[PDB]
Amino acid sequence: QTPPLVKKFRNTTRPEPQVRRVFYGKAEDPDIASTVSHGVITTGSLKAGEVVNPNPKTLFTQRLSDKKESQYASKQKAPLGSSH
Amino acid sequence: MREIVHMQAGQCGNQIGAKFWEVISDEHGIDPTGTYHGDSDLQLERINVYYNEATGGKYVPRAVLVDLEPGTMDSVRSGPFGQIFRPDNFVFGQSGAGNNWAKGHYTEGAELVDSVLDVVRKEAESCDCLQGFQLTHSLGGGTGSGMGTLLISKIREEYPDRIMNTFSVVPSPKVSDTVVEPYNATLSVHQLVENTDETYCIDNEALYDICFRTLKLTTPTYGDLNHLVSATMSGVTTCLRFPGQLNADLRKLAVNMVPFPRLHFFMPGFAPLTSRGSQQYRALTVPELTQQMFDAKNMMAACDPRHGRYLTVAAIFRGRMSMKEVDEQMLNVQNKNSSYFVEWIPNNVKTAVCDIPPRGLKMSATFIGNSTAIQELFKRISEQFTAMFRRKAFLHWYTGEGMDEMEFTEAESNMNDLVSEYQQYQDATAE
Amino acid sequence: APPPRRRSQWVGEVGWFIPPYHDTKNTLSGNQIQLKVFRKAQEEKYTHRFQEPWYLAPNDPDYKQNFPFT
Amino acid sequence: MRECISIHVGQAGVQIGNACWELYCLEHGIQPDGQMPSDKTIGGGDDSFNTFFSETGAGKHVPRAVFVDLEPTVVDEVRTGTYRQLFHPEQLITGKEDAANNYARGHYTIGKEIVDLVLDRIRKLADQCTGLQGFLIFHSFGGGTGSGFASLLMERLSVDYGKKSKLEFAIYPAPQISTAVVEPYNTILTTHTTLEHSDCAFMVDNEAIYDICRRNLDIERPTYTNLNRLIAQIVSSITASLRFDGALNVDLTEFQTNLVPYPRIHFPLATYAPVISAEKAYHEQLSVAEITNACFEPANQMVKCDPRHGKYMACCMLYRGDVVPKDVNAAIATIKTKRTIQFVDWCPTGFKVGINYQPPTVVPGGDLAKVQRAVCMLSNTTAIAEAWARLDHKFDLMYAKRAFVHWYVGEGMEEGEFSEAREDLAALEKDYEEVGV
Amino acid sequence: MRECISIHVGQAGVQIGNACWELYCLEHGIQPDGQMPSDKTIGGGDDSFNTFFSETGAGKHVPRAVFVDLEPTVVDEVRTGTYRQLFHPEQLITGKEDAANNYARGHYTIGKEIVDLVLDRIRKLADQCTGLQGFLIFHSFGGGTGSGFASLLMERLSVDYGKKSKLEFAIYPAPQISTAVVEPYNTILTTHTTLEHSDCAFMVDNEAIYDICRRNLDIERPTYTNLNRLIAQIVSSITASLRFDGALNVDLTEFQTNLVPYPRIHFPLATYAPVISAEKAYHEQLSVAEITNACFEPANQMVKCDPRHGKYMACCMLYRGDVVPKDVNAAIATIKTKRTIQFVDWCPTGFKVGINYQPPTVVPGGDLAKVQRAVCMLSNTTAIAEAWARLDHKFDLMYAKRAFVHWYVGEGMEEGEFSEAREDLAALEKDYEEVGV
Amino acid sequence: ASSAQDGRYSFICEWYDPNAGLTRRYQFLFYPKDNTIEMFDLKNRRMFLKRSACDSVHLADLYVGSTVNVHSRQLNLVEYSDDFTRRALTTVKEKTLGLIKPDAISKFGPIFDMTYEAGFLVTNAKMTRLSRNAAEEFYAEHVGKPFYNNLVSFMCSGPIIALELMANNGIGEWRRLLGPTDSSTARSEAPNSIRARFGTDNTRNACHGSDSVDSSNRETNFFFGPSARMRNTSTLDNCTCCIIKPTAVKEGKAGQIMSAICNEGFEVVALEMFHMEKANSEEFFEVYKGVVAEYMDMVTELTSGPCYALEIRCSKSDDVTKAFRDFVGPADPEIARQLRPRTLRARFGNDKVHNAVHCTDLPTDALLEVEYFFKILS
Amino acid sequence: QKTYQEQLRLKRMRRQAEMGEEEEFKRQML
Amino acid sequence: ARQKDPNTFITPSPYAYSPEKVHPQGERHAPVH
Ligand SMILES: Nc1nc2c(ncn2[C@@H]2O[C@H](COP(=O)(O)OP(=O)(O)OP(=O)(O)O)[C@@H](O)[C@H]2O)c(=O)[nH]1
Ligand SMILES: Nc1nc2c(ncn2[C@@H]2O[C@H](COP(=O)(O)OP(=O)(O)OP(=O)(O)O)[C@@H](O)[C@H]2O)c(=O)[nH]1
Ligand SMILES: Nc1nc2c(ncn2[C@@H]2O[C@H](COP(=O)(O)OP(=O)(O)O)[C@@H](O)[C@H]2O)c(=O)[nH]1
Ligand SMILES: [Mg+2]
Ligand SMILES: [Mg+2]
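Protein sequence lines, in the order shown, are assigned to chains 3J, HM, 9W, HA, IA, 4J, 2S and 9Z.
Convert by adding 64 to the 1-based position in the first sequence; the result is the number in the authors' numbering.
In terms of the authors' numbering, the second sequence has 410 at position 410, counting the first letter as 1, and numbering is strictly consecutive.
Convert by adding 85 to the 1-based position in the third sequence; the result is the number in the authors' numbering.
In terms of the authors' numbering, the fourth sequence has 380 at position 380, counting the first letter as 1, and numbering is strictly consecutive.
In terms of the authors' numbering, the fifth sequence has 262 at position 262, counting the first letter as 1, and numbering is strictly consecutive.
Convert by adding 1 to the 1-based position in the sixth sequence; the result is the number in the authors' numbering.
Convert by adding 350 to the 1-based position in the seventh sequence; the result is the number in the authors' numbering.
Convert by adding 111 to the 1-based position in the eighth sequence; the result is the number in the authors' numbering.
One or more of the hints may lead you astray.
Residues of chain HA clear of chain HM, computed beta-carbon distances all greater than 12 Å [to be verified]:
1. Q176
2. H309
3. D322
4. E433
Stretch-level coverage of chain 4J by chain IA, calculated; a stretch enters the list once three of its residues show a Cβ under 8 Å from a Cβ in chain IA [unchecked claim]:
5. 79-91
6. 327-340
Computed from the model, here is a short list of chain 9Z residues facing chain HA with C-beta under 10 Å [claimed, not checked]:
7. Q114
8. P117
9. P130
10. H144
What the hints contain is simulated information worked out from the structure, not anything from laboratory work.
Beta carbons: idealized from backbone N, C-alpha and C, even for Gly.
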């Protein structure tokens, strides 16, 4: 039987028939290696169910938004069904 | 990973290779039984560069032992680290060359070269990268010279794209050693010219000198010399092994040290060779490490670098070090000893640094020198060769084994043509 | 006799004292840029790579290029 | 979105990247494991890190760079040291055989094996990319992988990616100190390819960084770590306007259209100020006049050639931190009234300035100090011609009798490309002379 | 209602079957003994499992599978394995001898002595079926049972039943890797009979799944388990729209009316994305554009054919998981505007897109990571003709020497059948080449 | 991503058809981790609701015997299927009985506020007197020492408010929030309890608790059981009817409404929480019937669970109906928030359908409506 | 001023770390 | 007027450019014999 200290270096040169070849360095490092997802996970994306047709806004929230959108120029000299 | 194989031929080559294997094994943390008892991970990050993978916790070194006498094999098995080698690559004859180049090349050459190449193929096709071949043979011997040169030729014929460093142990210029020593030296340097992508020639007499004048330890014998050569080889091949800020392998050294193809004869050296009584008294740093490795007293080749010019010089360092100090000292040696450097190559030094020093030392360095002064060794070899050749002494043996004076004079002709080629690139001007 | 270490386990380093040190004052400010709405728009515009329903005019010469068969 | 993809090729480039990504992680508050702390987080819509990092699924900010080396040594050091869980496991691309200081070996041989895989990874990183601003390519001219394989990457990025600006930070060889021996051959062979395929080639001299470190930072024994840290600080000061908002924002195309006059003079000079340590910084005022005089002081450029023997063409002053354009333009006026900084006669105004509010960051235990203001000098002088002439001298002296040519010929290079590259750089020198006069 | 009988014939078919019914049971939440646990309480109107699992009165769900093989070891391994109490024991038809990789053993001998029993078994399943939309025939073109008895079964189901769809999943030999030596003979002999009695033939190749799981899953030694797991994932992604509901969905008539222009071009390539591991998926975004571009890689096709040598006729784009049709349309638009994605001229629009919300499930102790998104690519291309060219070259090379012909001519089959099959597949190749213009 | 094998919370819901006359039964699956509700139909096996995604349904409610408004259908969760849910929801979920003492009758508003802040969901609540026959629930605490006599004196002296609580980890969480059995120990170690901030020394505490299991059963059967006649403390007289709406009760603002009413003058004489039926709510709202277009919305909102009913009297006479109408003034919360902001339905109101408090409009109908709740239905 | 004092304290802590490593290597040599 | 939006970038095209033909990262070299 090969002693482990020399088997360390024999695995790089002439290992067993199966089993992935290892280097004489990088051994006795914590072989996390596998059990890892191993890849990038897409990008993101926010879906087009709430960017082209967003959540509906309440009457109070839109009235506050219209309050803020008032005292402009274009929205104040020309409302929909009235005058200035 | 750039794997090299090891070749060790002859008794001296086998002993030097075994010492090299053990001095890289104890810095790799390997017991003689093969079980890794080291504590750091750096010494087995790249351990397959020299050791074949095996079952269990055992690493089996990749070397081939070539000899013609079983006594050397029995001695190296009974010695240290003899059981880490498998008995399959232990090839040996039953007759013995007896320091005979022709007998080791033809009579028992091709009978053993087939088995050696069978083991070499079995190792090399099992290898995946196969950087290079590292031969530690000896010039002047039996199986070391002739069989090793035949191995070099066969390996070049088989794989003509691979780097080989062979070490070509040069005997003592003085004394006598072998009666057929100039014959074997010429017959070996003939093939050292031929394929031999890099040769790191070591001299035994200069090894005695560096052991007696720098390291002391009373008598030199051979173990300290073998340890010196082994440390030099380890410092050479450290970059394929242990990492560093700036690495340089066999191919990088061959590119950065061999200008023209027949300029592959190197003069090595090792630093720091402090004594046991001066280790605690020496302040080992980059400046006097550079001075020690560039000192002429500490060249393990018998040729003195002061009478020649360095073409290229490799400096392979090991330890806690700063590259500014490295290249600053490698420029300072140029600017000081600019006389002993060719002016047609700026930056005649290739640097390399490892940051793992050998155990017990803060710092070490390996000198490699492609000097033009190495041509004096081949000139002396040619002089002794023609002195023993003009009377045809000890040549009937080689003609009986199967060689001829035409091959003798061809080896002499291309060897002294190489000497004149060193002379021409030593005395060549810039403009 | 401790062995020689790596490059990382040195003082004077590439990766020492990186977990316990965190630059608090320098980069907890608004000096660092955000991905706000009009950079998010540019980063989300990347989802229209050559799928836009803009077709070339029949009063333009380059019309039989997009209508070869008729 | 202003993403700035990076390729670090060669041992030198890998070490630059090893310093750079540490600095970027500290600048953007990224832990070495890859995640970002929640108490650090100033909101989930932060966007500074998107230039250099990408967040995959769970705050895992992986860096947008490719590490390249034919020998595995430095990339294995990266894989075993600290920043091991940060990088993608496949992005750290390596071979086995090295080029070993050989342009032909890096270009016509084994370098042509992994080029398809490495720029397939570049292509997949650019597929992940959406707002690609440019290619930050870090290499060295020393040789081998950073010399030939980098040139191959330039060629294929050029005719695959269109305009697509390619800023090339390169470790240029020093005049006297050097490491390789065939380094002049590799530099000469690499310039001939990078000339027609680069857009801003920032040369960095190792000896210049060395003496800057030992006289300004007072580091007696500096090294490659400090070298790459300083280069990382400069490249962060360059591409900080893309990551943070500024009073005057400069991008990688405004920088180019205000820097390069003609489409062959695209070899600027980078310079940082201050490069002073903490002890010297605490005792000095460091106003905008001092940080401009430090940039224009001629022992501070990052290639060993003084600008006094040359004429300035363009200066892309990138101010960083708490600076005001009023001190900036007063300093620009006093630089203009200084006679020794001779501007060229066909360029009346030659100062493109970009102010960024974000103050520079420091590594935990380096040598630069946490200063409230800094500035990146970006010269377009003619003084680089001296460096080109020095490399021509070295290349011709080693090419006089065909030294180190058999290696390239055996690897596959013909004998003519040395002469073609020499003629090309001689033509570049003639262009510099005729535009300087 | 929209039910599917799966007939697994041959050893490869049986192994794909017992590696696929595991995935089906895990997807539908069925533990291996047969009952859905659902914490012992939940069921009723969830009719998602009717496409594969017939309902008994005891709450036990029996799969609609016919596991048939002549040589009784693999089916006996199924009977003695962990999926023992799942399958109906009479639905586990075994012969007594082996076909031994022979088309004659199966078309003119012992398979003919069991084909009547297998037709009676399929008839007794179809009697319980109440509007069966199509058969799924899992087999290999290797030889013996998977070509022989399988072709005979297809002829008998063409004589009986009638207009109902008869989709097959065919394991094809590799260009280089060959387990047997009579694979070209068996492929040419089975193509002549599956050309006219089929309507869709999904194309996979063992060497191509080898390369895919060798690079991406980085398993150096791929056994057959993960191969059949990947094929199971493909069939799961195909039938996901017949089972679990979602967005725009594509079923057995949709991806035949939108993929088969002429009643001979019905050989689609099925590739899967992302074939990835846990560690590689951790440092990766895995977006829709990336997973769509991964299917158009040359190194993701599950048959070893070069897609450059041929146009695309039609493409079925089967997405699973957290995927958006806007991102799908963006990916399709990028693929269409990339020019060298070469579509044939008689096809302005060539993308049939199906989208399902179910992410893939990973088997315990498996090798794929649980990725949110997945893509099944069903491509009709001219590029499949090179595999037929390679098999014609192999068949001609073996038939020139009259090698391995004595078995076939001695065991009932006539000599001229080889020439008739060769000229039939040559006519098919000529049809593909003349329609690809 | 969404799968077919996620976590699932299965229930059986019964909706009474406005037509026909039989209550149809549906299977109601609640997938968490995406909050998606799906609905099967037992008998006439068909498809009723897909995955989708609904707001109303919230994991927090569930609680068998409850009403969920899914696509304007008043489903009643009648019983638990799914043993998975039986181990995920029923486990350690007990019912107690909180008995408010006569000295704690003055602070029953804040007491109810803290019970709702804890999460003790109520099932019944009634204000009675217990007569001299309160000893039948004190047979357990008998003979031993004269605290039995003190207890039967303290029960017969002053009114009593009986509660039937229910929460996870019941009978122990209620005693934890009550603290110990003495006010000295309460303000010694747990100075945030009902017995700590309200009450005095022993046998004159602020509540009773429910002892343990099957003593809770004995108390609940003694007080709110089908065989228990207890009689509320109604006295008619000059009074006004206050109806805390089930939307407010589900959101948990019922105790806040009670505390605000008790703080801004007034007094509560009779408290009783009902579970109104469709025809009973129609007969309560017949005075509106055809004067407001939102009468059907008011009826279907009143038939949505708990129906806290209060008899409000005032020490200062004036007109009790007019004073209570001024305090619980303008019906639309937008009206009450923009104008007279310190009023009920403005502190606690969402829209005009969910007023969260109901008050008697005509001054001659308050006595009729008080008679309808406290003298007809109880 | 506080930023510069904190930076100086960090430099002092780093220099203490190098003193620690050099005395450790000196004890290693001895 | 409905206008054409500016082009983002054409980022090569993974069909004609072919990686293929490469030994996968770090699995020896399958020794031939
Ligand atoms: N600034 C800086 N330069 C470096 C560093 N490391 C190496 N260099 C430069 O690199 C050169 C050495 O050649 P390299 O660039 O390393 O060669 P290579 O890119 O590895 O390619 P091969 O030679 O085939 O291995 C030297 O001359 C250095 O200038 C570093 O850390 N910082
Ligand atoms: N994908 C896949 N292919 C398989 C598997 N098992 C066998 N094969 C293929 O099948 C070929 C061998 O022929 P078989 O399919 O076993 O022949 P058979 O249909 O069982 O008929 P006999 O040879 O008589 O047993 C091989 O070349 C494989 O490519 C498997 O488990 N998965
Ligand atoms: N360095 C060293 N050199 C040696 C040693 N043994 C022998 N030699 C050298 O080798 C030479 C003899 O070679 P030899 O061994 O006979 O070669 P062989 O016959 O092939 O085994 C002598 O000149 C010695 O200098 C040793 O242990 N160390
Ligand atoms: Mg290198
Ligand atoms: Mg079989």
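Against the structure, the hints come out as follows:
1. In this structure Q176 (chain HA) is not separated from chain HM by more than 12 Å, as the shortest Cβ-Cβ distance comes to only about 6 Å.
2. A cut-off of 12 Å between C-beta atoms confirms that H309 (chain HA) is not in contact with chain HM; the least separation is 22 Å.
3. Every beta carbon of chain HM lies more than 12 Å from that of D322 (chain HA), the smallest distance being close to 33 Å; the non-interface claim holds.
4. Every C-beta of chain HM lies more than 12 Å from that of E433 (chain HA), the closest at about 24 Å, which supports listing it as non-interface.
5. Counting residues of the region 79-91 of chain 4J whose CB lies closer than 8 Å to any CB of chain IA gives 4, so the stated coverage by that chain holds, three being the minimum.
6. Counting residues of the region 327-340 of chain 4J whose C-beta sits closer than 8 Å to any C-beta of chain IA gives 0, which falls short of three, so the coverage hint is violated.
7. The interface hint given for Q114 (chain 9Z) is violated, since its Cβ lies 21 Å from the closest Cβ of chain HA, which is over the 10 Å cut-off.
8. Here the hint on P117 (chain 9Z) is broken, as its CB sits about 12 Å from the closest CB of chain HA, past 10 Å.
9. For the restraint placing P130 (chain 9Z) at the interface with chain HA, the shortest Cβ-Cβ distance is roughly 4 Å, inside the 10 Å limit, so the hint holds.
10. The interface hint given for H144 (chain 9Z) is broken, as the beta carbon of that residue sits about 20 Å from the closest beta carbon of chain HA, more than 10 Å.
The structure fails hints 1, 6, 7, 8 and 10 (numbered hints given earlier, in ascending order).
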